[PDB]
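S.K.: So you can see what is in the structure, the chains are spelled out below.
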Amino acid sequence: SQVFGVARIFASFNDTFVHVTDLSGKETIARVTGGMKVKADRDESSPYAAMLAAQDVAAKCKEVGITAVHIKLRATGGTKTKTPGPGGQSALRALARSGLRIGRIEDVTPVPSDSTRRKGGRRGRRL
Amino acid sequence: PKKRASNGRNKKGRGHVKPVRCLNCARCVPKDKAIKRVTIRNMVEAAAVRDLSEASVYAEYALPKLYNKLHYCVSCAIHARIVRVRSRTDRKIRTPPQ
Amino acid sequence: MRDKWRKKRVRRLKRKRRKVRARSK
Amino acid sequence: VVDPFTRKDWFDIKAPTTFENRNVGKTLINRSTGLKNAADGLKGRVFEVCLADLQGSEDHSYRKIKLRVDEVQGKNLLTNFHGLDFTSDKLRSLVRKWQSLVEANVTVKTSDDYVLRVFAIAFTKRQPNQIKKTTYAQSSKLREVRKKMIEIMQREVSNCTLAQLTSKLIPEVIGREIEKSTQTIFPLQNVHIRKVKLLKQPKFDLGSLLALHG
Amino acid sequence: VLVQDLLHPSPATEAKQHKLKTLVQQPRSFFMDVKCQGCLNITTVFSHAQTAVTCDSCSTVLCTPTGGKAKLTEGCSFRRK
RNA sequence: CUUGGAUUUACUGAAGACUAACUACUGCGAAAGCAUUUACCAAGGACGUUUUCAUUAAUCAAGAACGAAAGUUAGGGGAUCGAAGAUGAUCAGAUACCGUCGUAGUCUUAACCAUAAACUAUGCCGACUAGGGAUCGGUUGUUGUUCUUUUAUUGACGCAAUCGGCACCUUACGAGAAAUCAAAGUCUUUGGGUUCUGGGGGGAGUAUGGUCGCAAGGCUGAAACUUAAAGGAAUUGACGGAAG
Ligand SMILES: NC[C@@H]1O[C@H](O[C@H]2[C@@H](O)[C@H](O[C@@H]3[C@@H](O)[C@H](N)C[C@H](N)[C@H]3O[C@H]3O[C@H](CO)[C@@H](O)[C@H](O)[C@H]3N)O[C@@H]2CO)[C@H](N)[C@@H](O)[C@@H]1O
Ligand SMILES: [Mg+2]
Ligand SMILES: [Mg+2]
Ligand SMILES: [Mg+2]
Ligand SMILES: [Mg+2]
Ligand SMILES: [Mg+2]
Ligand SMILES: [Mg+2]
Ligand SMILES: [Mg+2]
Ligand SMILES: [Mg+2]
Ligand SMILES: [Mg+2]
Ligand SMILES: [Mg+2]
Ligand SMILES: [Mg+2]
Ligand SMILES: [Mg+2]
Ligand SMILES: [Mg+2]
Ligand SMILES: [Mg+2]
Ligand SMILES: [Mg+2]
Ligand SMILES: [Mg+2]
Ligand SMILES: [Mg+2]
Ligand SMILES: [Mg+2]
Ligand SMILES: [Mg+2]
Ligand SMILES: [Mg+2]
Ligand SMILES: [Mg+2]
Ligand SMILES: [Mg+2]
Ligand SMILES: [Mg+2]
Ligand SMILES: [Mg+2]
Ligand SMILES: [Zn+2]
Ligand SMILES: [Zn+2]
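Protein chains in written order, with the working numbering: chain A, 1 to 127; chain B, 1001 to 1098; chain C, 2001 to 2025; chain D, 3001 to 3214; chain E, 4001 to 4081.
Keep in mind that the hints were calculated from the coordinates and are not lab data.
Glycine included, C-beta positions come from ideal geometry on N, C-alpha and C.
The reader is advised that the hints may include incorrect statements.
[What the hints assert, rightly or not] Derived DSS-like pairs: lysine-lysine, alpha-carbon spacing no greater than 30 Å straight-line:
1. B/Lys1069 / A/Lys119
2. B/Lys1018 / D/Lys3125
3. D/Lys3195 / B/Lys1065
4. B/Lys1092 / B/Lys1011
[Claimed, not checked] Restraint ranges, calculated between C-beta atoms of paired labels, are given here:
5. C/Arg2011 / B/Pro1030: 48 to 56 Å
6. B/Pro1019 / D/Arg3176: 38 to 46 Å
7. A/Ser113 / C/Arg2015: 43 to 51 Å
[Claimed, not checked] Covered stretches of chain A, as calculated for chain B (at least 3 residues, CB under 8 Å):
8. 87-93
9. 105-112
10. 117-123
Please build the complete structure, drawing on both the sequences and the hints.
M.R.: Okay, structure coming up:
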C-alpha cells in the first residue's frame, strides 16, 4: 500500500524532536526540533513549536516519497523523567492532520533495570 | 509530640528499606514512605483520537496506553497537590479517595 | 546555634588545645 | 547545496517465508558507485516490524520482529529472522500488583547452530472462586516453575532449526506448553516467550537462505 | 461471660482447642494397624511416624513421613487401635 | 558543546556499578541489614512429635562477637553520582540554594574505626485482663470451584479449627498531665524475677587523669561560676511566601 518511514519522536521537557527515518533507522529523511521554530529558550519544548516542527517534517517527507509513518515516542528516560514532554502529543497530532498516514504507535522510552545513580544528590534539587 | 502512629511511613517488622528518587526533585526517599501513584493514561488526548484514527492505515486499530508508576518525596508531593494536608481526625483515613 | 555544629566547633577547638599542649611535651 | 536525496536508490524488502505478507515496505541508501557498491553497504541492516503486519491478524500486535538483511538480489532485500521483543505498552499491561511475576532465560543453539537467548515470562493466575486479594506462589514453587520453563526452551530449540522455530513462535507453542507443564505446580497466565536474541550465527549458507525465500 | 463451668467444658469446643490447652493435655495422635496390599501382616505404625516403616515380609515402604501425619502408600489400609 | 557536524537516528563493541516494574501496613535476620538465575557450603525460627535428657534455667557489672553511612592504611578498579576545589547565574552582599566541570569518595580485596533520630525515641524472662476482620509459616478436619490427563496418590482455590509471627480496626474494665496506650493495664487496694539510666536550667559531655585508635576520634568524666526558670502535653488567639 503506502510507503512507511518511522517517526522517532523524542519529547523531553526542554525540547521536542521530530525525526523520521526509514524502517531501519540508518537513513534520516527529516529532523526538525522545536528549537528551530522559536527564538526563546523557554518554549523550545512547547506544543506550538512541536506542531510547527511536524509540519516542516511532514512537508519535507512528501517530496521524498514518505506517505505514511510509524511512531516511536520516547521521553528522556534513563535516570531522568520517563514522562513525555509537552511537545510529543502535538507533533503527533500535527502529523495525522498533515496528510501523513499513521501505522503502529509505541513508547520506546529507555527504562533501566534499576540503573546508575541519578544526579541531584541525596536531598534533591532544593528550590 | 508523635504526629502519626505509622511515623509517616510503612515500616513495621523491618530494619531498613531501600530508597527511591523523587521523580520531580530527585530526593532520596524510603520506598515505603514515598507517595506512589500508578498512572495509566491514554497516549492521545481525547480531542485528537478521532483525526488520527481517520489517518490510520489500520482498520480497527486500538491505541496503546501509556503506563507509568510515579514516585514523589514528601515535599514535592505536598507542593504538587498530590497529597493534601488533612485534619487531625481525617489523617487516619487511608482508603483511596472515591 | 545548631547542636551538631556547636559540637563540631568544640571538636576543632579541642583538637587545637591538644596540639597546643603538645608544645610542652 | 546538494540535496543528498537525489543520490538515493530505493530497494524492496522481502521477509522470510515463515511469515505471510513478505512485502514489508521500502528502504533507501546512497546509490551504488564504482568505488563503493550499494550492496555491501546495504547488507546487515535490521528492520523492526510488528508481527501483526507480517501475519495480517491483529492478534500479534504486541510482538515485534527484527529482520536482518544479508543478501540483495537486484532491488530486493532478502532478510532473515534477527530477533523477537514485546512492545513496551503490552509488557507494562501484564505486570500488575497483587500477583507474583516469574521469569527465566536460557542460552541455547538450534539445529543449524544458531545461538539464542530466549526470555520467558509468566504471572500467577487467579482462580474464579478465589476471595483473597493477592495471588502469590511460594518461592519454592517458582523455583520449580522457573526450572520447568528452562528445560522446555532448551528442548524445543535444540531439536529444531531456526526457520522451524520461527514457525513455532507465531502460535506461541512453547508458552502454552509451559503453561500445560506447570498446571500441577501452579495455575499460570500470560505465559509468553517475550524476547529472543540472536547471539551467534553459523557460517553463512546462501543456499539455505534462498530456500527460505521461495 | 462471667459465670461458666470451667470444670466441664463442652466437649465440642474442648476438641477444637490446642492439644496443650485442654484441662488435662492429651495427645491427639494414635497407633495404627497397617494392612499392605501385597500380603497380610499386622504392622503397628504411629500415626505421626517419622520413619519410612517397612514391613518384615517385603522390603516395601508402608508410609512416607510428612510435616504432620504420615502418608500411607497406596494399597495399605490402616485401622486405629 | 556545535558545518573540524554538535544534538538526533540505527547497528556493533568496552567498562564498571545497579537489580526497575512484580514490591504489599508482606517475608527473613541479634541488631546493623537482606530483592536477577543457578550451583555449592554451613546455619535458623515456627510447626508436627504418645522421641530423648531431666532444672540443665531467667536476667546479667567485668569481658567477648557483630555493628549503616562517612572516615583511615595499602593494592586493584574507577561507569554514574559527587564532599573539597573551579566556574555561569542570582543578590546590596552571597564562599550557598540553581546550572556546568570536577578530586577524594562511591565498588572490590586485606586491615582499621565503633559511631547514627543505630527509633518502637518504649529493656528482657514469666503470669493474667477484650472483642473483630485481614495477613505470613506449620499442622489437623471438610467444597455448587478450576486443573493434571481422563481422575485420583497433582497442585490451586473455598470453608473450619488451632499454634507461632508482621501488623491493623473498635472499646476503655484500666492507665495517664494530656497526646495517647491490649500495653504505656493488673501501681496509696502501692512487692513475680532481673539488668541499665535520671534527680531544676546552663556551664558541659567542657577541663583533667586513665584507656583504646595510625589519625579523625571512641569509652570513662568533674568543678568553679551563673541562673527563676528552662521544659512537656493540650486550649484560645495571632501569624504563615501551606491546602480547600
Ligand atoms: N480471624 C483473625 C485472626 O485469625 C487468627 O487465626 C486465623 C489464621 O490462623 C487463619 O487465617 C488464614 C491465614 O492462615 C492465611 N492468610 C489464609 C487465610 N486467608 C486466613 O484465614 C481467613 O480465612 C477466611 C477468609 O479467607 C476467614 O473465614 C477466616 O476467618 C480468615 N482468618 O485462620 C484463623 C481464623 O481465625 C487468630 N484466630 C486470631 O489472631 C484472629 O482471630
Ligand atoms: Mg520549597
Ligand atoms: Mg511538630
Ligand atoms: Mg523479627
Ligand atoms: Mg534503622
Ligand atoms: Mg546529642
Ligand atoms: Mg528484577
Ligand atoms: Mg515475601
Ligand atoms: Mg518465624
Ligand atoms: Mg562502613
Ligand atoms: Mg569507606
Ligand atoms: Mg570515578
Ligand atoms: Mg556530573
Ligand atoms: Mg564550591
Ligand atoms: Mg549513642
Ligand atoms: Mg524510626
Ligand atoms: Mg526497642
Ligand atoms: Mg504501640
Ligand atoms: Mg537511645
Ligand atoms: Mg496457615
Ligand atoms: Mg486504636
Ligand atoms: Mg508512662
Ligand atoms: Mg542537673
Ligand atoms: Mg569551661
Ligand atoms: Mg508545645
Ligand atoms: Zn521530591
Ligand atoms: Zn507387607
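S.K.: All hints are to be evaluated individually against the structure, with a verdict given for each.
M.R.: Status of the hints after comparison with the structure:
For the hint linking B/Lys1069 to A/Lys119, the alpha-carbon distance of about 20 Å falls within 30 Å, and the restraint holds. At most 30 Å may separate the alpha-carbon atoms for a hinted pair to count; B/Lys1018 and D/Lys3125 meet this at roughly 29 Å. Taken as a hint, the D/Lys3195 and B/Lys1065 pair is honoured in the structure, with Cα atoms around 21 Å apart against an allowance of 30 Å. The straight-line distance between the Cα atoms of B/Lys1092 and B/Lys1011 is roughly 17 Å, inside the 30 Å bound, and the hint therefore holds.
Between C/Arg2011 and B/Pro1030 the beta carbons are some 30 Å apart, a value that contradicts the proposed interval 48 to 56 Å. Look at B/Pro1019 against D/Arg3176: about 41 Å separates their beta carbons, and that is inside 38 to 46 Å. Taking the beta carbon of each, A/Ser113 and C/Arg2015 are about 47 Å apart, inside 43 to 51 Å as hinted. Only when three residues or more bring their CB closer than 8 Å to a CB of chain B does the claim for the region 87-93 of chain A stand; here the count is 3, and the claim holds.
Counting residues of the region 105-112 of chain A whose CB falls under 8 Å from any CB of chain B gives 3; the rule of at least 3 is met. Interface restraint, the region 117-123 of chain A with chain B: holds (6 residues with C-beta to C-beta distance below 8 Å; minimum three).
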